[PDB]
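Take a look at this single chain, the form deposited in one PDB entry, given in structure tokens.
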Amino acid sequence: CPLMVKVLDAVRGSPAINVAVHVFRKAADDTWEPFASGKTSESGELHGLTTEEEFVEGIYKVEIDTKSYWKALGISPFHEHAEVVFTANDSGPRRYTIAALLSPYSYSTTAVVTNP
């Protein structure tokens, strides 16, 4: 798994379950081609999005939708989408972990990049 996504809730200190994640790649004619997608697990993690063979250098957009998570808590969320855009594998192949930390009025996001 070269690309992991974690989502956490800063209020509850728990993993965010069933967050929808959509990954896009910037395509040749200046548009976003679909690339991968999934839901986060009990542990709030999602990998198995791609393989090193499909995860070529390029520009990727990672979108999350947290509607299912707040719904199951009985929370009527105010906002529920977040996104990052980064450039991948420019120095050849790396593993990316992208973590998001949720509060109703605060959003934090961190990227860890490691060598496979």
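Just so we're on the same page, rigid core means the largest C-alpha set that superposes within 1.5 Å between forms. Numbering follows the first chain given and starts at 1. Compared with the form deposited in another entry:
Of the residues listed here (49, 82, 73, 88), only one shifts its CA by 2 angstroms or more between these two forms after fitting on the rigid core, and it is 73.
Having seen the form deposited in one PDB entry, I'd like the form deposited in another entry now, please.
Below you will find a single chain and nothing else.
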């Protein structure tokens, strides 16, 4: 599993459950092509997005649909979504975890890039 997404809720102190996540890969004409998607689990995680074979070097965007998460909770949000855009690089470690910490008017994201 070369790409995992983990989402936490800074208001409730919990995993962010049932958050839609869409991954795109940038195409040669500079548009964003759909690549993978899912909803976070009860642990706030989304696994199984891609395989080592398909996750080749390139520019990827992970959109986390934060507005619909906050709206379901009755909390006014600022952002439409959180976007995380990065280049995948074969010279580095083999596993990418995109972690995001969500608040109604703020988010933080970090990448944890590791080698099993």
